[PDB]
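Shown next as structure tokens: one chain only, the form deposited in one PDB entry.
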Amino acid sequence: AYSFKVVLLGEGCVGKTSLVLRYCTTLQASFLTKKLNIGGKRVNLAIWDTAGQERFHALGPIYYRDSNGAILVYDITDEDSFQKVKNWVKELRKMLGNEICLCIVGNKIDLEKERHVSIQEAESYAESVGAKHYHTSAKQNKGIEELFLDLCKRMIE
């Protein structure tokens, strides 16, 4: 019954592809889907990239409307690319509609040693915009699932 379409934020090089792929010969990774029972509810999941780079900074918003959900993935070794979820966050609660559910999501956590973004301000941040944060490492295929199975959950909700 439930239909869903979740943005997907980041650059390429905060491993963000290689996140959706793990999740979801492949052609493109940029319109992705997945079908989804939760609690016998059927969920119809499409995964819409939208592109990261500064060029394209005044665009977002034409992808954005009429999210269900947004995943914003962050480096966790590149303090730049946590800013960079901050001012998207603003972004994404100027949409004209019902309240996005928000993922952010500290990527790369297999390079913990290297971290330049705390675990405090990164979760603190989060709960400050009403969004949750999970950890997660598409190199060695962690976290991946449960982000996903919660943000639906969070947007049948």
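Take the two forms, superpose them, and find the largest set of C-alpha atoms that agree within 1.5 Å; that set is the rigid core. Residue numbers count along the first chain shown, from 1. First, how it differs from the form deposited in another entry.
When two forms of a protein are overlaid on their rigid core, residues whose CA moves 2 Å or more are considered shifted, and residue 98 is one of them between these two forms. Relative to the superposed rigid core, residue 119 undergoes a CA displacement smaller than 2 Å between these two forms. The two forms, fitted on the rigid core, differ between these two forms by 2 Å or more at the CA of residue 59.
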Given for the second form:
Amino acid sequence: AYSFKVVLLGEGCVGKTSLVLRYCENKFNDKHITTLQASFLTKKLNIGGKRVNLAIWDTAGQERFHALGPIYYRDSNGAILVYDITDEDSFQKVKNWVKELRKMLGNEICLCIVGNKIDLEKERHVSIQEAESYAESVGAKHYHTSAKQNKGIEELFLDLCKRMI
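Return the form deposited in another entry of this protein as a structure block, the form deposited in one PDB entry having already been given.
Partners and other molecules have been left off, which leaves just the chain.
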């Protein structure tokens, strides 16, 4: 069986927790229940008729992750950097995450840049075009999700797994 580790990154408002909660438990909250500690969640997939065990890590801040990373996260096979399509400050802050991540981990890890909250399209404040160009130029693939409406999520994780394989 394959065993993979994936870590979730991005600013508060973005929906890291909502992404992995929806995926692993099919649950969602409108309340922002802020993530005080590293948490992990699991998912058994099947790809090429082979069982894939997936541990998904959800993080409690840039500073904590930054101090913990070199000790506790150097064996990560993928990383999902999330931003909120309705929040410009959050997408621009992804650059910070990409660099810091790569300044700590190999390039062997598969990066995803995730524009979450596509149920709020009417409030879009981030150009698809700009985000896609950014993803492409750091070797990340780009993805759109809604955790609230459960769209993009199963595909995001499956593709990340195919990639990590």
